[PDB]
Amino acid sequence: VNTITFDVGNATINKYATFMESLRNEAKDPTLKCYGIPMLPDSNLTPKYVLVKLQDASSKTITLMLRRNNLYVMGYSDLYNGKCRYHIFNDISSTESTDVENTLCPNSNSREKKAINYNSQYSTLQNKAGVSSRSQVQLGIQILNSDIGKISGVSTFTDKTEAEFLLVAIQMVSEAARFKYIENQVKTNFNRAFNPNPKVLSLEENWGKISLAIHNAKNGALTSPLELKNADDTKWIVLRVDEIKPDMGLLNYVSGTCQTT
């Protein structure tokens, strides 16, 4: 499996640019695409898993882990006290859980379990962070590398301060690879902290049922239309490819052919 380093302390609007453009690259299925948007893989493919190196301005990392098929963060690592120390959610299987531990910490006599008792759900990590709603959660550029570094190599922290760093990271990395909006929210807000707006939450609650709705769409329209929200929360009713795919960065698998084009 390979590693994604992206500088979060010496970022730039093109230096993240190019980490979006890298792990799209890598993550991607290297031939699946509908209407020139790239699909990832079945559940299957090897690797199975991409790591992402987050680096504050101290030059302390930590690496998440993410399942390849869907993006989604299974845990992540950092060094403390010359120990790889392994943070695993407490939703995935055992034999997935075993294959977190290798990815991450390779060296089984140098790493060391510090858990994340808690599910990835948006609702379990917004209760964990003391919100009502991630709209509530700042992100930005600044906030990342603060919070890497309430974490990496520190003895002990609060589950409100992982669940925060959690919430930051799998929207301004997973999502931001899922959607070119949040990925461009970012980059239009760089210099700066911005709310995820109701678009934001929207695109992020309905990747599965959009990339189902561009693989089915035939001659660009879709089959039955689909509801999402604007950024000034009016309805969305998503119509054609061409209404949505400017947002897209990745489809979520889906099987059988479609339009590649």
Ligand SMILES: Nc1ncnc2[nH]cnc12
Second form
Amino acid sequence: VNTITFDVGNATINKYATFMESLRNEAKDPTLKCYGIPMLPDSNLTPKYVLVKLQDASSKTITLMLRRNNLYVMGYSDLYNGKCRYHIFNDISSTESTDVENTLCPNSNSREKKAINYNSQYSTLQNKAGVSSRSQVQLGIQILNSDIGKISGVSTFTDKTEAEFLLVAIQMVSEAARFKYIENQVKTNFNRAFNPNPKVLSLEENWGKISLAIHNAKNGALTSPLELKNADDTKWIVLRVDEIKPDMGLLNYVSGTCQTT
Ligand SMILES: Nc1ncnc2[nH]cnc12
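What I would like now is the form deposited with adenine bound, since the data block earlier showed the form solved without adenine; can you produce it?
Below: every chain and molecule of the assembly, starting with the one above.
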């Protein structure tokens, strides 16, 4: 399994664009695509995972472990007192947990557990972060940089600190890779913090339905329209692939053939 590094401390728009491109190209199936949009692999393709190393301005890092089939963050590691400290979500199966241990921290004599004692659903992360909606957790490059430093090499931190980091990182890494729209929100706001708008949230929550709708579309027409939100919180009834393709970075894996095109 490969590691993609993003230097948050020295980030520029172009370096984030390159990061997104690299992450999409490592995660995607080598071949699968629908309507020109690359698709993630089935859950049997190896390697099953990708690592994403995030570097702060002090050169400390956190490495996220992502599942290729759905781009979920499974856990993260940091160097702590010389040790590979691995932090696994509590919703990972026994067999995948072994893989997380061994992928984040391959040397079994130099590693140390520090569990994430909660699941990785946004509802849970929001709860831990003290917010009723992740619209209330700002995203941004300086925020990500700061949050890495609250955790990496730090003996103890609160669940709120951890959940904030995870909400920021999940959205700026996995959601941005899945959605060019979200990558572009980061780029448009590159020099500042921002709050995810209703379209960011609607895309995040509907990626599986969107991916299925694109995979199933015939001659560019969705079989069933899909109702999303625009950035101004008005309904967006998507009728055609060409309406939503610009916002897409990766499709969730969907079995069967599609117009590739
Ligand atoms: N752990 C995770 N990783 C990626 N996307 C997510 N969406 C919700 N939780 C997530």
